[PDB]
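S.K.: Okay, here's what each chain looks like letter by letter:
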Amino acid sequence: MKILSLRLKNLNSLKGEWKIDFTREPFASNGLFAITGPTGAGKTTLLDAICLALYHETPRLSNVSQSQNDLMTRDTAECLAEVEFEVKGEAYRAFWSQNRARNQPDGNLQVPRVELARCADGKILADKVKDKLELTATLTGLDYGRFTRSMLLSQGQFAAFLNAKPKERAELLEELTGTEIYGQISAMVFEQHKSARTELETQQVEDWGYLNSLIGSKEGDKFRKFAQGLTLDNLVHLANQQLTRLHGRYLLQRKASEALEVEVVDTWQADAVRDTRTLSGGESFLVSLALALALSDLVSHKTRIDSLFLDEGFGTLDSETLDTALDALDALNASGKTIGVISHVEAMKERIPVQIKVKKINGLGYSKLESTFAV
Amino acid sequence: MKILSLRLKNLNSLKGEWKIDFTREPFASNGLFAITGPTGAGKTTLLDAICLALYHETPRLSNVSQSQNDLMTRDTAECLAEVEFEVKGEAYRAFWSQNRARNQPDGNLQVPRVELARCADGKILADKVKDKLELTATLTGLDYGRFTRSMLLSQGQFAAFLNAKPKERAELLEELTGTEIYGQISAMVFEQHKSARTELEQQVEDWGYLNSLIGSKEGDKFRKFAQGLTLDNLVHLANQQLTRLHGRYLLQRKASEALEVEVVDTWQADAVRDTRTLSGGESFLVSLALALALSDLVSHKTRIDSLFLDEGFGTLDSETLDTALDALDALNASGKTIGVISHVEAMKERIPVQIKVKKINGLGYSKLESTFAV
Amino acid sequence: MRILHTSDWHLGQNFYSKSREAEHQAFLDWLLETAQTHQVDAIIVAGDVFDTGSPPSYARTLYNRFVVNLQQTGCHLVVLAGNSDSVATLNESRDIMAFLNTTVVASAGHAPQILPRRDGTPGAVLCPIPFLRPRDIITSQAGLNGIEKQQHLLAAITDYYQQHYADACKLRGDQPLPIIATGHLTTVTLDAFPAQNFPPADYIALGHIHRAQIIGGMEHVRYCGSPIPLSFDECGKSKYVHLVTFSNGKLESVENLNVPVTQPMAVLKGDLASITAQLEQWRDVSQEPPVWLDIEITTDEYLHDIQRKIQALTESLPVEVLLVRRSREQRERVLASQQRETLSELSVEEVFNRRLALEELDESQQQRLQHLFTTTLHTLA
Amino acid sequence: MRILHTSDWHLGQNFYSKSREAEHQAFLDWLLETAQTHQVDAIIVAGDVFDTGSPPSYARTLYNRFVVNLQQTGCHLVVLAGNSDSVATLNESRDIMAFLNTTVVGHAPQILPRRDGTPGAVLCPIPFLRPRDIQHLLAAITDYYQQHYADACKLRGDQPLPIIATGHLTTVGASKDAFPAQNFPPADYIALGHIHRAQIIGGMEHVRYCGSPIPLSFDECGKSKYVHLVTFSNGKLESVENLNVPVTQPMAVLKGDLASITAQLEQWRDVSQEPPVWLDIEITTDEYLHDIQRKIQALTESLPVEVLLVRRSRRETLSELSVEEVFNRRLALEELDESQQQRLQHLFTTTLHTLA
DNA sequence: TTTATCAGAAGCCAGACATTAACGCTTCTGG
DNA sequence: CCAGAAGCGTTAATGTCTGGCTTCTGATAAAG
Ligand SMILES: Nc1ncnc2c1ncn2[C@@H]1O[C@H](COP(=O)(O)OP(=O)(O)O)[C@@H](O)[C@H]1O
Ligand SMILES: Nc1ncnc2c1ncn2[C@@H]1O[C@H](COP(=O)(O)OP(=O)(O)O)[C@@H](O)[C@H]1O
Ligand SMILES: [Mg+2]
Ligand SMILES: [Mg+2]
Ligand SMILES: [Mn+2]
Ligand SMILES: [Mn+2]
Ligand SMILES: [Mn+2]
Ligand SMILES: [Mn+2]
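Residue numbers (the authors' numbering), protein chains in the order written: chain D, 1 to 201, 874 to 1047; chain C, 1 to 201, 875 to 1047; chain A, 1 to 188, 203 to 395; chain B, 1 to 105, 109 to 137, 151 to 192, 205 to 342, 354 to 395.
Derived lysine to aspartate or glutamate pairs resembling EDC-like cross-links, with alpha carbons at most 20 Å apart:
#1 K323(B) - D978(C)
#2 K15(C) - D75(C)
#3 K1021(C) - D990(D)
Examples of chain C residues toward chain D, derived with CB under 8 Å:
#4 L61
#5 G156
#6 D947
#7 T950
#8 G954
#9 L989
#10 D990
#11 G1035
Simulated from the structure, these hints should not be mistaken for lab results. Idealized CB from N, CA, C, for every residue including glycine.
Throw the hints in and build the complete structure from the sequences for me.
M.R.: Printed below as a string of structure tokens:
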């Protein structure tokens, strides 16, 4: 799941077939790299091309299909993002590409030709879209949302896992384990019960109904929330150790409610039971960081992933918490996880010298970086 | 509307009673003022009492009542927040206070008490909550929902206006100017069609075509065709606040049924592109421009003389941040007292007026200066 | 000197989309009826004479017909505004109703007046004080506290009563006339009033409490209560318009005439079979006013469409449901499982059994439901 | 026989969120004073009395303080209903006012007793004939005044008492379909309402419109604010005196561009008028309406005046246009054709009045 | 303590879109 | 000077889902 190389062409302001690889010597050293530059130079685009290629979906946009390709750099004909990565020791390659009508800067946007192929085999493992999605799901072990809230953390969306509605948190926790059957059991309880209750236009339907408020009815909810509570307990047991490795401020624990929620605990107070919606900004960023690390480490046994792409939030710390957080991240890159971070903070220059430093062409509306990476 | 003073006690990490003032020897200029301090040691809280005392609803917590009051700090008996806001020359007051049962730190949480008192005569106007909110709506002319996007700007919210559901943004537009009849007609017409359909369980043609054209529950359709003109008026004020702020972009109402603003790209020769495809710094600056224009839309009715905004300046660029700050100070050529809370060290060198917030040494609380202590 | 002390009329109150229109009207003739029977001279209604400051338009016609039909008797009437009504609604008709012996005093700071008798002689010394809005007596200042704002109000109303009583001492002078003072407040969570701070008056009618009760052992301070039941906790109770005859300028008697209840209401506790038995008492007997009910169901079972089971009962009966409540407030979530288990190792048979041990059910339905549950596991297999 | 004739009070009127409190309160004392001057028999108000069916809570307090002050005059009061006033807004105190010589209104006609107890005149109390309560709408209104004239003629018989006619309606011919002015029954007098412009209708003196006693809108800034004092001669009309009310709140409808407007603004400079003079400024530019008012607030601060409205009667905003035109603008993508656009136009104005 | 009143959640209908599968236009390109 | 193939660009059936909306039980504030 560690990316080995990325190659894009007209992503946003990265015009002209810019590629990077992490098999290069500055990335072959440790695996901790930063990105800086002026804002709007495409740092989120550089971190966006990989999730575009692996899932045809970005954190910024919604869906880059035949209609409404808002991605492609203004007035060019084709845009393409291509990645070579690894799972379980062996490499694969995803390749997403899109043309205009007739190689002109404007026209009908065509269907995106994609592929997913095992590198060093020449085997086109997947050709169309849906097969590519499901095959990279089973072949990476991560879904779309599990990438964008446990491995890639986009800027200003780190409060997604902490502050989602409990349905789309139970979704992630259900999918994370190999226990997706509850989302079929609780749906089929409603399937039996609505059929039995529309058969009354019977004490048996009363027994179905007494089941039907005892477990989930349409989708998962109820029984699903009851089931993932133990996985949430396991996850906060992991993340508690993760966070006290990180900063010795708040422990976490689960809470006694139907909604799958996590309350915090204050070590200094020694008796704190508040909801997470009243955390501070920096502590909410550290809770999302440590929580994401715990979620990533929970599925350590199967398809273990090793990458992290924090987009922003380090500015919300200072020279008194940011330094401690980066010093704890050094223990993570000392382990096999190879993280990456976009940062505007100049104080992380001494921390990370491995940069993908970008530039702007004098306010024209494009960008560029070190020409040792470009083709 | 500006703020003349502020008092609080045991709100969050700020233990004890504190009282800042906006008519002193500091703040003798109407210039922008910063608030420094360590991260997460009472920084958005001084801008949270402003929301709390005026509308009982923080940006973070949804509601505070006799149940579900996470706000006041642990092992404290009560909390209060007290502003002195001024509109059209005359001062006012607000006083939202809440005690615990039998003044014990581990007790039940009693009914909150509010005032909305006048400061000159001393008389009060609304001793109950359901009257205080609707007598602040008359007074400021801006409702709490409008205040969240057209006055104050909270941390990680600058996606409030431009990433909202079109019902939400349209409703906000209809709450500022115009009249509520432009969706009330839709609600009444939905009732007409519901009645003429429950009858029939050209009679289709009665509320068939009209219902399809303009008519939905709670005023959707016709309210959106109404605000499809107010947005086209607001985008011009957005442009005029934007060009002095950030000259690379212009805005334009996109000709569509769901009212969505649209960036006009001058450096790519009038390229049109959707508004979600913006950088972090561009989204922060365009949301600042849109909120400043949104406050200056109802400036003809009610003067709105204050603008607090939290961290978006780590997000901005260190060269064009000087342009943005000089444009902000150019907006300080009016009486708009602009509070700014961030962490950019070059910016806090530019901003003189600093309300320094010292974090306690392992105590678990925070403090403030001796001038504002009480 | 006789007075009729009622309060808490709560006119125009909607009651779960139902009204108290004829329910007040059949009281208001009776209040008019007992006037000439007991030869009273001045009725006092001390507070809550409207539900809301903009009442429905008939809710004045219940009140306006009352004040005109009082002029057949020619007896006086004092109306005090309560906490519920906007003060500007009652001062719509303060000035005109002086022509009709009806001193509707809505605002604070009114002057003390002398009650006349039927013959024209002065009958009683009145200290009318309506519900003190806190704005009308006190001004707020900066630098206050949370608790202190409640205590600063309490001292202000206290010395307002001491001031308004002292005016009556000049107005009574040396004549043997009784002092009647009103008010709309509570007495003996420290939001009340100490009755020892009430003035040394001869009789103090009051309001705002619906249970008709003496307070503090002083018989001359009487919450008269509502004239009709407005809730389901005091539905089965009785209502008493207080009749206070005076003797030689002092107090004689506190008579409590009951009210003929025209709209019957009752409350039921328990579970569905207990509700089935309590509904059986209305089977043979008939009701010309349809009786209303509260059904506080304390059930445990699922009870598919519990409002339809109630609707199935009272079709051919003269009983009207108006509300139905259940104890649906409960918690349900997996425990720690001794802090060690994994979800992949626990089978679906475990966590379903872990989910049923949280309820009440013991034997019969359980061995029915577990068969019903295991049919779903197999029909995917 | 002196009878005052007022109409269209519209009490508690919302006026761009400004009030008509002190306009009426400086009128109502004047109204009884002229009645106190000339020793009137009775006053009649020809409808449009309150603004809406749910008047504001202060709007009664002017109306009741009028009536308690009327008791020190001893004069009879007859109150007619209007078009905007419900039955339920005037069934509030329908029999409170019976004890204060104040008859309020499907009713039999009555006699107006004089100040000295003698029967003075004959009144035909005619409230608004709602077609929900009563071509065919024109059919029943036409013969009803023939139906009620025999009720007017036979209630007196040979008695030498004059008849006055009431009502609150609209009439063809009078500048602002309706009731025909030539079909009125020839009684001794007809008072009439719902027309806020004061004028004689048809050329017959015994039928009248007294208009509103105050200006209502800016456009109706006419100086013809009158109350009609009538005099009767033993069963016949003598004359009608139009009495000028005082003015208290001046308005000024300034037009043109900013060149002609700012010249007019110095007319109220340094005069120190004790009520703030109201405006209806009519700008004619192409500039934006939300920003043309920016210059005005500095210009209005120096003058002792207060602006009320700015309009361009020639982009556009929502506080400028009307509800049909945006509805007509909403028909840009809708196939108006012939029948489809007419039904929508006719059923729309039905829907707009359902919220009215 | 109980009673309107709004606010949020879960489920239902449906049109709007994403995707896949099949049908003409252009272009090397060979003689 | 061109026709066959090869690819490329185009349209018509169908599967998921995002958005009203509605039906419901939950919260909130207020008069005992
Ligand atoms: N479709 C497009 N056409 C032209 N320019 C674009 C397009 N999409 C993005 N851009 C430019 O690319 C930049 C993206 O910046 P971004 O990577 O979001 O900055 P950050 O990394 O600070 O979030 C913006 O400056 C924007 O102007
Ligand atoms: N329930 C609570 N009681 C007391 N203090 C709290 C509570 N919840 C959070 N805090 C503290 O209050 C402070 C609020 O952080 P603050 O600086 O206001 O946020 P931000 O960093 O976004 O401005 C934090 O230090 C946090 O530890
Ligand atoms: Mg960024
Ligand atoms: Mg903050
Ligand atoms: Mn009451
Ligand atoms: Mn009360
Ligand atoms: Mn009128
Ligand atoms: Mn009229």
